[PDB]
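In the form deposited in one PDB entry, a lone chain appears below as structure tokens.
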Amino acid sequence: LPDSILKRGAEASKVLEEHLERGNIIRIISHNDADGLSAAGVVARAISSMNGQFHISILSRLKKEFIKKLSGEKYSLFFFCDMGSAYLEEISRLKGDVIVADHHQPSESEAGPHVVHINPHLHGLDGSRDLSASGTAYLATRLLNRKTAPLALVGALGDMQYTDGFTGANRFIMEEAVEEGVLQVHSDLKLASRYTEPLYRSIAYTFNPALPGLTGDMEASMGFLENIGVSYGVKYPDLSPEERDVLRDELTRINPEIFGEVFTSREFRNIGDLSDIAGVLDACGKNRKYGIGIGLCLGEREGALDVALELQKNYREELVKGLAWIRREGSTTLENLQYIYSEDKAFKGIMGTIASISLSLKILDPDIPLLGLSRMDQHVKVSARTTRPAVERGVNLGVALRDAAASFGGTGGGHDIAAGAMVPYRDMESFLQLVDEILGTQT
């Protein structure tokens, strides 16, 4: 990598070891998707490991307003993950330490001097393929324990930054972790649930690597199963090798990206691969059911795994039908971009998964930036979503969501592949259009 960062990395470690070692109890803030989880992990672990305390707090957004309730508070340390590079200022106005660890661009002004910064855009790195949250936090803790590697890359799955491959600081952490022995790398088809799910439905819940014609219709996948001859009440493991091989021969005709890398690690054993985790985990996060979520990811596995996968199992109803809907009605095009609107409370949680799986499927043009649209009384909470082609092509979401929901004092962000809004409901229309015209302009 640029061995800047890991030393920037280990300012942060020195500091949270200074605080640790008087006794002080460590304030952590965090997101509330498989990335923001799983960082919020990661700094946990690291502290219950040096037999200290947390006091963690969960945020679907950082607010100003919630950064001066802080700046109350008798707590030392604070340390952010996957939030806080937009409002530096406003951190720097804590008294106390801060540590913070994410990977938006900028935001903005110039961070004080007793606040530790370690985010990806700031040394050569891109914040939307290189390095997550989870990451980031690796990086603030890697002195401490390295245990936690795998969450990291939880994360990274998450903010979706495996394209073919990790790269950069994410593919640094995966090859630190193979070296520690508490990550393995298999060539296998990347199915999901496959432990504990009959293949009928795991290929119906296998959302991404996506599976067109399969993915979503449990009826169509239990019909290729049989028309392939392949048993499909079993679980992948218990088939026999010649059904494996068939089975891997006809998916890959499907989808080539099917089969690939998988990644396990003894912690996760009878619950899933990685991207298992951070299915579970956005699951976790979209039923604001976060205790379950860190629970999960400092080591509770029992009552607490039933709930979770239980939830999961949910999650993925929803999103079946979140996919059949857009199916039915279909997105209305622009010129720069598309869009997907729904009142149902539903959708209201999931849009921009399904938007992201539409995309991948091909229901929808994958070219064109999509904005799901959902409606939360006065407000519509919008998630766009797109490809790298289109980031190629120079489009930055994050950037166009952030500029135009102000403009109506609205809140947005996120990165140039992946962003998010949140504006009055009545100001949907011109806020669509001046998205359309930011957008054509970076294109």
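Residue numbers count along the first chain shown, from 1. Compared with the form deposited in another entry:
The rigid segments shift between these two forms, and of the options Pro389, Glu317, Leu122, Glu257 the one at their hinge is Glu317.
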Given for the second form:
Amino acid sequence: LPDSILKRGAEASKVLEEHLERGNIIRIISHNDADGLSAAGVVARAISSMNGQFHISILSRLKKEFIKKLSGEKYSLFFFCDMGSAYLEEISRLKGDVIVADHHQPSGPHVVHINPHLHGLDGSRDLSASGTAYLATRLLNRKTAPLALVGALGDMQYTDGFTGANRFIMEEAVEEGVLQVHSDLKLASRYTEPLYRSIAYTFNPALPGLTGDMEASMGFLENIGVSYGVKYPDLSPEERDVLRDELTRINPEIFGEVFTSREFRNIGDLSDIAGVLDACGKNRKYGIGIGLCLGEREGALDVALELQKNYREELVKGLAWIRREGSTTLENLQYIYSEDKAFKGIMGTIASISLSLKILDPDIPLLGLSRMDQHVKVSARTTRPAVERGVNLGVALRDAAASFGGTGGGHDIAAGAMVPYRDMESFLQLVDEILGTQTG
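The form deposited in one PDB entry done, now the form deposited in another entry:
Shown next is a single chain and nothing more.
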């Protein structure tokens, strides 16, 4: 890694200790998905390892109002993870010390700002808030390195292996003995569920035919002769390699790098921890997720795993609705529409999973639509190959949403928009005209 993205790692650590010695309760503010939760986890644990105290706040969004209210608070050091780079001068109205460990496009006399974009690395491909927070805490605690990779996996910075800064973290964790590697099947929750649910709940990497379908996973295993009601390590080795060769035919990306650390044994691999923490964040059950990062494992784990079961039944219900209804295709896009309450807060995820599964055509860009009273919430999702031909959903949605009075934006591969219910057809024709312009 660059000496810049490392020398700033050291200023961050040195400021953390000048408050830890001064006996002060360090203030952690972070985001509410796997990257945000695990990042706070990294800082929390750094702080615990030196008998320090901390107070976490988990937000869906950072607003100037929250930062205004923060300026009333005693707490001498503020630690923003996975957010901060958008509101830096507003933050600088805060006094004390302040650390911002983000990785989003940037926009500080007492402010330490660490962000990969400022040191020539891609904050979308190579480093997440959890890794950035690790680089701020590396000289206090290196035992947190595996959690840095949970957040990375959380934000999907993994396609053909951890790249860049995250690779530097994996190999730093490997040398340090806290993170082991082995190639295996990457089924969801291999220690906690029997083989039929594990397969059915493997959403990434997808298994077309099997993923999100219980009877189909059961009948599959029945016919090929492996114990459908036993958990993955309890089978017979002759029954095991039927599975490796069979699942690799359906999707060969199923076999690959698995990441295990001893502290997460009997929960799962590192990408199982990304799953538990995301499910905790969707349920606004922050505390359970952070307790996992901190090492709590009695009934807090039991509650976390119950949350993931219920989130996963919803996703299945879910893809089932998509397999039956299907999508309508215009010229340069396809869309799917729901007024059903169950699919309102998952429309994005199921949209994405249905492309990976080839239920819906992954080449044609997909807009998922949830009615929200008199408006409609839009989650656009596509595949990298559609981006290479010229698609940018963020630009198309922002422009298209704006023109009817609605707000939209996001990335090239995934974008959102909110539009009035009465303008939906027109909007969909307008996103269709823009995407056709974008590609030919």
